[PDB]
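The structure appears below as structure tokens.
Of the protein chains in this complex, all but one are displayed in their positions.
Read from first to last, the chains carry the letters A, B, C and D; within each, the first residue is number 1.
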Amino acid sequence: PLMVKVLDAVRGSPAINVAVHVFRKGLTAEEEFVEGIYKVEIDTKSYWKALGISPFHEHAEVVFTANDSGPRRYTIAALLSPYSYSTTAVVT
Amino acid sequence: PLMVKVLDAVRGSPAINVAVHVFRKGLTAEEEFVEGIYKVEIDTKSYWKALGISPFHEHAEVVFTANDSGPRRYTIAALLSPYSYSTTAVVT
Amino acid sequence: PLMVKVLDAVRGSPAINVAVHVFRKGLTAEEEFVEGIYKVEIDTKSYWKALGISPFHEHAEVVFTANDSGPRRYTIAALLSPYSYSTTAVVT
Amino acid sequence: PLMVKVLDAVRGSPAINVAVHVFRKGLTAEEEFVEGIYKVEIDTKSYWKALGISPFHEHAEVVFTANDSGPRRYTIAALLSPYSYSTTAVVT
Partner (left out) sequence: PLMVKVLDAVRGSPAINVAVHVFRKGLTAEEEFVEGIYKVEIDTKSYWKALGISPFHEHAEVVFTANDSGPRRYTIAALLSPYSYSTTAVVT
């Protein structure tokens, strides 16, 4: 007998993030996984990935240049952070 | 007997994010997975992915230039953060 | 006997996001998955993907230029964050 | 016997988002999946995808230029965030 109890009795206004998982039992291959339940990606860059089988096989001339240079601003308050009876403010 | 209880009794106005999962039992291949239940992607860039089988096989001349340079502004409050009896404000 | 209970008894005005999943048992191939139950994509860019079998096979001359440079502004409050008895405001 | 109960008894005006799933048992191929139950896509750009079998096979001259540079403004309050007994305002 497998028995799981999470947050059986709750009272008084909480702020919660819950994730419960119960289990009982070519270039890239993956099998029966769980990925990115709570994931935050910001300013993620990928350039070349899995081009293919035998690319640029013979006599290839490649010039690769990656320029990542710009005025960018990211302002975040309370990222993945639950709060209660509090105050959050962003002033510019 | 498999028995799961989540948040059996609740009272008093909570703010919740719930995710419950129960289980019982070529270039890219994937099998019977679970992905991105709570996912936030911001400013995500991908340039070249899985072009194909045998690209640019012979005598290929490629000039690759990636410029990512611009005035961009992102302002976020309470990202994936539930709140209760609180105050959230963004002032510019 | 498989038995799942989520939020059996609730009272007092909560704000909830619920996701319950129960289970019992060429370039890209995928099988019997679950994807993007709660997904937020903002400013997502993809340029070249899965062009095909044998592209640019012989004597290909390619000039690739990617310019991503512009005045853009994103303002968001309470992204994927349920709230109760609170205050949310965006002032510009 | 498979038995699932979600939100058995509810009282007092909640604000909820519910998603319940129960299960019992060439370039791109997909099989018996579930995708994008709650998905929000904003400013999503795709340029080249699945052009076909053997494109630009011989003696192809391609000039590719992507300019994404313009004054754009996105203002959102309470994205995928249910609220109750609260206040939401966007003032410009």
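To be clear about the criterion, contacts are C-beta pairs under 8 Å (C-beta built on N, C-alpha and C of every residue); 3 or more make two chains touch, one makes a residue touch a chain.
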In chain D, positions touching the absent partner: 1-92
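The criterion applied here is as follows: only the chains that are shown with their structure count from here on.
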Length of the line joining the C-alpha centres of chain A and chain D, rounded to whole Å: 15
Where chain B and chain C are represented by their mean Cα positions, the distance between them in whole Å: 5
Touching two or more other chains in chain D are residues 27, 69, 81, 84-85
